[PDB]
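So you can see what is in the structure, the chains are spelled out below.
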Amino acid sequence: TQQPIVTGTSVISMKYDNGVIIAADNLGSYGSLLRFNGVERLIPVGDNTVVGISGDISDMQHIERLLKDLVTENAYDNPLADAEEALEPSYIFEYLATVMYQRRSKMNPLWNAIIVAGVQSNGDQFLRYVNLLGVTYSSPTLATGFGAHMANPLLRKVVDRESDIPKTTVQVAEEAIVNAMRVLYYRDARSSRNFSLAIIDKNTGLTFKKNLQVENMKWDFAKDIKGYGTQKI
Amino acid sequence: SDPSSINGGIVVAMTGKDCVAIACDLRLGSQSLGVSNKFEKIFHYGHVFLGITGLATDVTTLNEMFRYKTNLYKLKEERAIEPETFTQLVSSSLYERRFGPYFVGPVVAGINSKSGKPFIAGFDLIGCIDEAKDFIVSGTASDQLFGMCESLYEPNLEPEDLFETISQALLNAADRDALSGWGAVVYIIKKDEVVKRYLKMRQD
Amino acid sequence: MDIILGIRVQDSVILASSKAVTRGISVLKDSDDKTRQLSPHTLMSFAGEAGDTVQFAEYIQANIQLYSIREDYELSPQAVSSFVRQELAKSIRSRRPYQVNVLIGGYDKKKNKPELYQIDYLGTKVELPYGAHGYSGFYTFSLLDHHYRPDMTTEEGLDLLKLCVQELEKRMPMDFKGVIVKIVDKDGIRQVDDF
Amino acid sequence: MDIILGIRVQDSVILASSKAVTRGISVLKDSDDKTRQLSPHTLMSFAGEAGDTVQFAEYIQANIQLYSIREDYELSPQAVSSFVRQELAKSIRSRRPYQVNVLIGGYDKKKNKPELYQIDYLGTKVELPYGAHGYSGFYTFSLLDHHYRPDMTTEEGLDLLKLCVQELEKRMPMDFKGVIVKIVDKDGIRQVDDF
Amino acid sequence: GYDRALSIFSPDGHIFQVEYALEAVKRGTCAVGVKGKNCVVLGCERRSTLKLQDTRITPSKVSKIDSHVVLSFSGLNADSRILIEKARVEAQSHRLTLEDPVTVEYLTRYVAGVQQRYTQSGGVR
Amino acid sequence: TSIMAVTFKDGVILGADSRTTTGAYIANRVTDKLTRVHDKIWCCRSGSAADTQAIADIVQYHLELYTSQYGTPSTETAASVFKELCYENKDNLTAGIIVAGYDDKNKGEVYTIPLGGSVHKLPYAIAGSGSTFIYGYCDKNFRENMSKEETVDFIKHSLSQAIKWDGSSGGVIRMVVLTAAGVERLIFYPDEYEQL
Amino acid sequence: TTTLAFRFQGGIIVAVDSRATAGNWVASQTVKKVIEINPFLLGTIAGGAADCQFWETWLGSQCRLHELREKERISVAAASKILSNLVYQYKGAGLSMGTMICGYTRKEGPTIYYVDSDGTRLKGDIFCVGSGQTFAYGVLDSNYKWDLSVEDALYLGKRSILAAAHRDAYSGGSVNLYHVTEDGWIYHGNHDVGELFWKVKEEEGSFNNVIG
Amino acid sequence: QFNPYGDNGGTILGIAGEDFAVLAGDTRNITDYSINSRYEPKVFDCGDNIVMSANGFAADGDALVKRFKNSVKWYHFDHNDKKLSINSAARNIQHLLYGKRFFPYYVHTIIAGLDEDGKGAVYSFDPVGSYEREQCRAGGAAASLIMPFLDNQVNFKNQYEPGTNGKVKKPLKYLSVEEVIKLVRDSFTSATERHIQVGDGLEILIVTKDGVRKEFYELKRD
Amino acid sequence: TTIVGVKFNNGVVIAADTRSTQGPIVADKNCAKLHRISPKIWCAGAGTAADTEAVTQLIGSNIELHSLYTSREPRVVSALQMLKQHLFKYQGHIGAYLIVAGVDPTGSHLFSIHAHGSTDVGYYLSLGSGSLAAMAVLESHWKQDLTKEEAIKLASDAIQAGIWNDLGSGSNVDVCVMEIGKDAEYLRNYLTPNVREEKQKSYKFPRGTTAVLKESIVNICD
Ligand SMILES: *[C@@](C)(CO)[C@](*)(O)[C@H](CC(C)C)NC(=O)[C@H](Cc1ccccc1)NC(=O)[C@H](CC(C)C)NC(=O)[C@H](CCc1ccccc1)NC(=O)CN1CCOCC1
Ligand SMILES: *[C@@](C)(CO)[C@](*)(O)[C@H](CC(C)C)NC(=O)[C@H](Cc1ccccc1)NC(=O)[C@H](CC(C)C)NC(=O)[C@H](CCc1ccccc1)NC(=O)CN1CCOCC1
Ligand SMILES: *[C@@](C)(CO)[C@](*)(O)[C@H](CC(C)C)NC(=O)[C@H](Cc1ccccc1)NC(=O)[C@H](CC(C)C)NC(=O)[C@H](CCc1ccccc1)NC(=O)CN1CCOCC1
Ligand SMILES: [Cl-]
Ligand SMILES: [Mg+2]
Ligand SMILES: [Mg+2]
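Protein chains in written order, with the deposited numbering: chain M, 1 to 233; chain W, 1 to 204; chain X, 1 to 195; chain J, 1 to 195; chain C, 1 to 125; chain b, 1 to 196; chain K, 1 to 212; chain L, 1 to 222; chain V, 1 to 222.
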């Protein structure tokens, strides 16, 4: 039995024609206090997987160490560690999914929601979700927390089903993600303007973008809004 | 101690071609104990039919209340109340007891004597009107009735066919609910004749 | 207050009501009559919360007796039962409801028919050929389902009633100290002294 | 499980134990023997939580019978009662205690004296001239305070016991379906078939 | 815990410890069992080199396992007490679960099973 | 919420963020928490949106009726009416209100009214969830008889920090200037105040 | 549930309903509540479905192991006590089981043992177990005699379940009959209440409360 | 306080024919009022002509299926590649489920296949392992809607022969694979209409002596 | 529910879905959530169905009496004030969450009211279980100086987001357009993107399938 203390908010992601995109803001909230502002919640594993984590940050840092240790362990007695026997997104996910369920089953969960985004060795896109309960599911778009309520609707307008994936380019897909991050800044009280974004492409590989900001915001109309009903001044 | 599921019971209503049907089970129990197998849940005020599920004391009370109000209506208006108007009266009366409600699931059914249009409607316990073209369901086996009606129903059924559809909807739903059954009644309502049939069903 | 039964036969209504009055670990009385005569051809047995039962029974009795004097006329069992139900239907939504369950056995002189009504504390009325309140029903209903016939005589009804009491005395956990049986028919109400 | 009594007289110990076994609103059995013979001259009646009672009684019985075989010798009632108390004294501070109250009636062959011990589920032992567990004591103790004499015979003890059962049958709320009476004396243990 | 395998096979296919245990039995005082048409009789030898004994309190050679079964023996006296105790407990345990006293075959099978277990358990003779 | 009112040389300035929340969801990101109870008597609202609106509506009604009979009310009078409602209905209200107004005699005045219903007259006042993070800053930086430009900068920098640290505060920074000249509304957007 | 079994002149009658409920939801009408432990032993089940089924299926394995080890069929007393000692270990853990171990052996004769999940174990001639046990008791007790014929005893058992199936909301489906003799148990068919009720009503003239 | 269970919604359906059996289930996965996936399969081929679905709490459902799939694997290793019969699989699953009697898998499990006589078989399990072979079973969120419809259309309950005065019942008969799939599709479209947790897609696994075939159908996405 | 409101050039538009739930069950697949307070003041309602209907009719009735008394067309702020004061008095126990919009002599207006009696002003608003799905669309596509046709499109798109992504919303899209100087047009079932597909089979029973015990003519006449 836990309660989460320092927490991270939404992680959003989607598939596109050649790969996957995933994003998450750089905030570590302490209840209503926006305590930490330099927190990276996207963690790359190799050059073909990115694990996006929301929820408790102490448990996130534990999971970081596990993934870091997983790479080390895989390299042991493995001449093909940087080739055929390298870590796949599906391997990394199933490992985490095993841990998450084992921990919930011992009534001592890792208080997180995780999205493992990556590209497999055969070029297939990998995108799957797992949480503190050990619950797992996959979809063309995946999001945690407020992302599930606000991002998914927007991302599903681009990729509503499987057949829409080949039709979606990296330009269109990234635009939708960046737009979603803005909407979350408008409406999520535990979000920040600064965020990180990662693209895993089957051709161009892993592109990790840091220190992004929400921009092109609409606030001008606020000046015209006066009172809450009658008031004219 | 859930008022709506102490006594048990079900009501279902359907529309057909120039006709409506309303049906109910006959069980009145006290939780597990079956007490009465003659407890009818469908009443009528003129040509307007009202079915009521839920707490039996309120079923009785509301029948007596709507008999009261429709009798005064008829004396003052000098005509029988219509289904559309009666529906509004039920909604008013239930919402009047908003913060101390009758624990019931009423169902109005009938044919408007002026326009000849078939009419059915349902309510929640605080009087929210649920109007419908196809069918209305109510009672402890409402989930079951929803499933039966949604699959069995088709529009513009003749009275003789409509009887079979509603009867099978009620019977098979009642047999999957412990607190419903113990007999059943089906009213087939045409413009100026009404046939009442007692169904043979399993008595457990 | 525990066991109250009722059986409507061809020409009469028979009410059986337990004699025991218990509080705590003591049977305070074993000769208690759990019934009141509402009118010459109408009898009401009762069972429920202590104090409430008699207070309610006598209040109903007073009201029916007042009606009888005012109109110089006896109300029908159907009319009495409807009056009683409404009182309980009001009661349930009061600050402190009457926690009383009743059986109303009566003989309708206009119809020349016996009538048995079962009403619970919520105001739930049902006309029945045989009725019971409390845990009694869990034994007696199934027993009567089997042995009861609609055309039985009063003597056959009493034997049918003996069969119920025997079963209750065998399987009920509490000692209810037997029953007082009363018969309601065309000639009024009378008590069976030897049961 | 409800009524267990015990009366030590001049030359014997008499144990009376109710026959009823009830669960819910049903008397499942009316001929239950709530006692076990621990040794030829020692008898233990018991009452308490369902399952626990018989499980505990038989466990004690097994242990005493094992002792008898090992030493080819019968333990004294005092020694048996002390063994039983210690078992219950351990039990009470266990994860799940035995919720069982017992009476141990025995005849000490070395002293040529009857002995009655009353032990509750906590392991509280007392030697008494007459004893009871549960609500029974609230009637029987005061009755025995009045009528009991230490020099009574077994026949006088049975009449004194009849007086207790009559009072319980009159004032107890539950029907306990009579009692099985057993006598423990110099000649061992025997059951009174007609009571 | 002391684990040593004391009872083991030898080249010729014998377990010497079991066979040397038989020699101890051969040393013990004689015991005889004869069963008639409606009875069984257990006879036992007591060596007469021991005078000034107290026959009241000296452990008897024949032991009651239950009220209907008896056990006599030949061999080490201290060892016999352990088997008798185990058998007496199993006799009461059987009455408790099966609600019926042990058969003579069952009790024998149990005692024999205990003896066997000590021929292939580590640390014991 | 984050709200404040500051007196200065020419009068008084009210300041507020624009965030309304339901749990962690932002129900309204362009809220106007600075509300008019009289020509030159305004208030900052914090706590329950329903309660503060109900209260402010009643106070506006009372001061309008006061003006019809006895002429323009004092800022103290307005705060007294707010107090009377908050104090007498303390068991059923969640409202933290700052009252600010401009008289010609009394110049700029600020009264704060916490949960209890007590009244406190101050040179400046801060309130709302996000005010906790700027007690240190506001105490160190506040001066009496500041200019208009200095007071606007003081409120802007203060609410900027409150917004930065409090998740329950954000959006635009609204301000209302109360002087002899009249009533001026000011607004400041994220792109300006965030990078202060 | 409703289950009964009674002892009489011609052996033992055992009768059960077949309903299974999850609250007011009728989950099944075709559940087998008589477990056939061996040709001479039967077990009734009432309470938690999984608990009853799992542990009485387990009981049959323990009884099988007994006759392998002892070269003799297990007694009804010993069988019932294996089960009662098992559930006693789980006492407090929340098992819900109301069972009756019925069977014949040479030494015991026809025997019935009531066993439940709070450790109670009782030998007796008549027992009714389940949510509708009281309804069965009413009909059974009022018509029971030791000198009943095999034909009349079978019917009384069937009629008692039917009575409970009718009144008890949490009992019904169909009646499963069994007869236990010195030669072993004999199955006497599955009787759907849907047809059996009307058949009994017409022929017997009972159930006058119901609209015919 | 931490609650280890959740409700992932969805609904499943098993129907048995004479020489075949179907196990259907919608592809929608949900938590509260949000959709997690519009296509997340929960009906699985487990080998030996056994199809399985464990609807309810997906994490427990996946755990159970994963363990049974593994149970089939080790059954082959330990018993000379013997085929696990549907009745044996059912009993094995009971022990898996009851094994966690005091911390249950919150799932309604259904398996389908062919019995040893080659005839269609459907077994259903409660969360703690009580099982029963049936011709017909619906499980999950919309089970209460679908099941009575199946009683009426598969087992012909409450249906009598016309003109026989309700004396002769409608005779039982096996249904064709074509007729069964019609009942499955109608059951799920009806359930989609009236239950919010049911929709998106329908995936049916059909089991014959030849093997395991699949069929997919669109459902309403609201 | 999902409900929205969007301001435009010469007026205001509101919209709503048509699903009505009872637990997880869809009670009404096509209920009307757009209520008429006065001819040119309309109201979208979310929350407790009876309350939104009752509170809107009561205020609508009093607005009519007020309009007759004052000989003036009613104003949106009057409806707003009367609603919020009523709702506040009942401390949230009347579970009505409303989007109030309309045109009056003062101009075009758009407000929202919550159950506890707080009101908000805006150019675009959304309430109900699917308000987050709707608001995401509104935040992504809204701009200043929308035309009539653009506002209807944006409004219906916001409702659609709720229909598809929120389980609490579904079925059809109702719209009401309130332009200045014109009659308000109520567009019932403006979009119907959730039509039930043809059933695979007809379940019309042979006449005489149901067993009957009694028949009787019922007297409805005097
Ligand atoms: C900052 C944000 C905090 O101090 C400011 O003080 C502002 C003041 C402005 C808006 C005037 N305060 C709020 O925004 C205020 C915070 C709050 C919340 C709860 C109690 C008191 C204060 N928010 C509200 O009043 C919102 C406004 C609505 C969305 C228009 N209302 C709610 O959150 C309602 C309030 C119900 C209530 C509870 C106790 C006392 C009074 C009112 N709450 C809910 O609807 C419950 N909600 C359901 C969904 O799950 C999360 C909780
Ligand atoms: C009469 C018929 C009723 O009491 C009998 O006593 C029968 C005995 C027969 C079946 C052997 N009893 C039941 O039918 C029994 C009643 C009951 C329920 C719960 C606890 C104790 C007794 N019903 C069950 O055991 C059902 C059988 C299924 C439906 C075939 N099982 C459940 O209700 C399961 C398991 C309950 C449970 C017990 C112990 C630990 C964990 C769980 N629960 C569900 O299926 C829950 N479910 C989820 C949503 O769908 C509705 C049902
Ligand atoms: C979306 C669809 C939310 O899901 C919308 O917000 C719609 C608003 C439209 C209809 C105007 N909301 C609903 O559909 C609403 C959801 C809801 C449910 C419960 C509480 C609050 C909101 N549904 C209802 O109001 C239904 C209307 C029916 C289908 C006609 N009513 C019920 O579900 C009632 C609730 C009554 C109630 C009383 C007191 C306080 C709050 C609510 N519930 C029942 O009737 C259930 N039960 C049946 C057995 O008899 C006893 C009552
Ligand atoms: Cl506000
Ligand atoms: Mg029943
Ligand atoms: Mg939806």
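Note that these hints are calculated values from the structure, not bench results. There's no promise every hint is true.
Claimed, not checked - Beyond 12 angstroms from chain K on every Cβ pair, some chain W residues (computed):
| id | residue |
| --- | --- |
| 1 | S30 |
| 2 | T61 |
| 3 | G183 |
| 4 | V185 |
| 5 | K200 |
Unchecked claim - Below, a sample of chain L positions facing chain V; criterion: calculated Cβ distance under 8 angstroms:
| id | residue |
| --- | --- |
| 6 | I30 |
| 7 | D78 |
| 8 | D81 |
| 9 | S85 |
Backbone N, C-alpha and C define an ideal beta-carbon position, used for all residues, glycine too.
The hints, checked one at a time:
1. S30: Nearest chain K Cβ is 10 angstroms from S30 of chain W, so the label is violated.
2. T61: holds, 24 angstroms
3. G183: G183 of chain W is in fact no farther than 12 angstroms from some Cβ atom of chain K, at 6 angstroms.
4. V185: violated, 9 angstroms
5. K200: violated, 8 angstroms
6. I30: holds, 6 angstroms
7. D78: Violated. Min distance 44 angstroms.
8. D81: violated, 41 angstroms
9. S85: It is violated, given that the least Cβ distance between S85 of chain L and chain V is near 33 angstroms, above 8 angstroms.
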